[PDB]
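Starting off, we have a lone chain in the form deposited in one PDB entry, written out as structure tokens.
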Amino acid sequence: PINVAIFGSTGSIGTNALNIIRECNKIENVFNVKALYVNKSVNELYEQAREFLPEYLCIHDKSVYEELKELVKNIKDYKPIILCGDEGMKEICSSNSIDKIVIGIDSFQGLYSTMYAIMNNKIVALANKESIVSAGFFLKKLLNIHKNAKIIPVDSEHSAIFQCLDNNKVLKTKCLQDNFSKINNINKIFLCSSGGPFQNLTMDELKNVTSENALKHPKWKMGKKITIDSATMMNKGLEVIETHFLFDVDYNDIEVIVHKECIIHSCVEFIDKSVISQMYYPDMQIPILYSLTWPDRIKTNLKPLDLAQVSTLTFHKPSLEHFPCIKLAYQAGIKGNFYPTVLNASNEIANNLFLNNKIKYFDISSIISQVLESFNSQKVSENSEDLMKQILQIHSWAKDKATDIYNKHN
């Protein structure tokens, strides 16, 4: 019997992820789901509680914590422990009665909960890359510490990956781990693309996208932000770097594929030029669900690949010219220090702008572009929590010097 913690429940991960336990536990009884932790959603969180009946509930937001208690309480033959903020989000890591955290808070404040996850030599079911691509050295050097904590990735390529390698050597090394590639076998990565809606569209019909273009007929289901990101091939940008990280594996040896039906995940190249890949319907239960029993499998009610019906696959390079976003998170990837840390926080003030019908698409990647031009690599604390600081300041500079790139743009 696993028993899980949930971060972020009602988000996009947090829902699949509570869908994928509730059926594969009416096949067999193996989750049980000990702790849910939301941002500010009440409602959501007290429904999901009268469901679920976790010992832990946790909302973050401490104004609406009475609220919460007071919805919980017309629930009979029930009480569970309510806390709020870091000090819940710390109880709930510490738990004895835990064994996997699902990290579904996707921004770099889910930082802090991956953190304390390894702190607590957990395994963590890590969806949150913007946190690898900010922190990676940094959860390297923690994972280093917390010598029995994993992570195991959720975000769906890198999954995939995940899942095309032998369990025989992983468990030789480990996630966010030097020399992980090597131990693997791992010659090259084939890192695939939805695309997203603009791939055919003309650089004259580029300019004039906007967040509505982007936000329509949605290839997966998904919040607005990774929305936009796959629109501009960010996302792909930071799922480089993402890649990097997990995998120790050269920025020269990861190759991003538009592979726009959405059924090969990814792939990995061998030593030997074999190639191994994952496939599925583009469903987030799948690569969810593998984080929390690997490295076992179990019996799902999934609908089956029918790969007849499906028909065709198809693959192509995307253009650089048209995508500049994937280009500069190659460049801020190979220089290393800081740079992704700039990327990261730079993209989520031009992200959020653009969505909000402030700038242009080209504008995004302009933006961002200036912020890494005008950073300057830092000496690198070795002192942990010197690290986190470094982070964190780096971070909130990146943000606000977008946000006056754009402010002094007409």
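Numbering follows the first chain given and starts at 1. Compared with the form deposited in another entry:
- For the rigid-body turn between these two forms, the listed residue at the hinge is 124, chosen from 351, 124, 325, 105.
Show the form deposited in another entry, please, because up to now only the form deposited in one PDB entry has appeared in this conversation.
The next block holds one chain only.
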């Protein structure tokens, strides 16, 4: 059986992971959910524990630890190891009974748990694209040291790319390693984008779009931060950098393409110019499942793709004048060093300012551009601990700079 831990089990990735695990386990007993980890949703964790009966339970907030203990007594024939905080997370990571960890936690705590999963030579199913963009150097360093640790991408486009690769080649290397693209014969990547809600608007129309316009009737309903990033196409920008780090593909060989039907999830061009693509309805269960079954596939009861019904698939180039966040992402990535950290941090501030109606659409890219122009390359620490501190300092600096730019003009 596949022994899986779910970190952030009540979030979007965590619940979709448990859903597909549930459905697949009805067809064949494939997964043992060995651990669940949440911040403070003690009741939701209890309900999950009642169904999945994991060996480990962990709650980050120590204040609800005793409440969890008492709730779990209601479940019969069940004596779990109940843990608290960072120390509990670390103990789960060190368990030789856990094979794979799904990290569905946002921000630093996602990176922190990823770090410990890697340090224990686990397979890490990673959805947090901001952690790859911001701390890619650090992750690459850790993966070079901990040879059996692997990051498997869960972001749908990156899963699609990963699914397009020959595992006879993938098994000779791993993601976030030098020469990954050479070993896999990768020439170029088509990174498919929905294009977001503003995809046909004029420059003058874009001047006055609000966050309500971005958040109005989503094609796929998702969190506010990513929805704003989808509207500016900074989501794709971040994903370009993620692609570069995960697959060691040069920026000149990554093309963003707008595919509004969201059936083709991305494509890989190999060195012979043959192109392989992965296709399905827009359903996050496939990328999550593949991250847990790789290098194998298992049966699901998901609806089969009806291509004749789908009927038409369309592709066009995004306009970088209309979606300048894409250009800024490429520029930051190509500059290298900690520019991607700066891009991510300044976008965090600009995204949130636009979300709360404090700035306009082109102010997002304006602020990010100014923060990038103010950053000076730093010597990259050789010490792993100093490197992590360096990333956090630069992240903090960039957020402050974005905020100061906003404060000067307001």
